[PDB]
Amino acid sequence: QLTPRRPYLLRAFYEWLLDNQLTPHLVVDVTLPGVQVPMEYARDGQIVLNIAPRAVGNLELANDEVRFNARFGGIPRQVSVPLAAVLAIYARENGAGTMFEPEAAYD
């Protein structure tokens, strides 16, 4: 009945990480549908994308999707990750962050 909270938590942890001068990495499960990522880096069914302001462009941490574009292997790429497919957000350095609990809306 109520919307999922995952995108809001993702935004808060993202900011939190940035304020602690950390490099946020999004952990995505590329097995799910709608996931548009550079599969060449996916391994064991999941991919870890650096989403720091520096490393990416046009970042939109929306409720429906996490979108952005960046160059991989020298090729411009447009990335789209349904929130359903967002596993966790960790800092590359320390590891601080969180794994998102499953939610009814993402079934």
Second form
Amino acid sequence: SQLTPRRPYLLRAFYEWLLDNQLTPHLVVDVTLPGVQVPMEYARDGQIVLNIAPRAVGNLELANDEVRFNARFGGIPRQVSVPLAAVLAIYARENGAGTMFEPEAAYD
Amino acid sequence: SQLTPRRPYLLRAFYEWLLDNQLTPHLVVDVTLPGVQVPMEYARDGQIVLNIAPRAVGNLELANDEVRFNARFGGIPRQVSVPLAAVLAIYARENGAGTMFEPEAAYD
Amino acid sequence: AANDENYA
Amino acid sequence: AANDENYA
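Could you present the same protein in the form deposited with the partner chain bound, rather than the form deposited without the partner chain shown above?
Time for the whole complex; same chain goes first.
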């Protein structure tokens, strides 16, 4: 039958590459979806950009089901959880290099 | 946009994605390019097909510049070395899932 | 981004 | 493929 979703492997892929080019990894998420764990106030137009470069995050986790890590908003340490379903894109802050994720049935 | 190529990363990405959906990864290499070390007498029409999945390979090094490992051919194990730019694609034998790698300035 | 540059 | 199924 149909295989498991690809997004997570490609995500981790681009992640490692943007860092082998010094660039800084930024994640775009859809907050209008279930399972999303972030300070909603920091979002805008049903979205939110998160910095996931090594130095700006703690205990980053790029699992196939979700993205987990700690970070600070305004300085308050806070946990974050993003369903791979709502991970819209990954890109570099410096020169926008990266990729937008293609739709897959696994994520409806 | 003169940062390193994505292929080596996309290659390791699909290599896991397939190994996880319980599929068998196969590589399509262009023997023509310089730098390729493979048992040439197996290349059919300029391309050679290598099974790089676990049980058929020893010390598989999926590096950025080139792929290396030890596989048996006709019964005798030999060394393999394939410059990344000689790589054409990766796919699962049982269902042809995978990708045809694209051209990148880096690789000429 | 929404989060700070350093989790230091 | 060109190589055998088992490197055993």
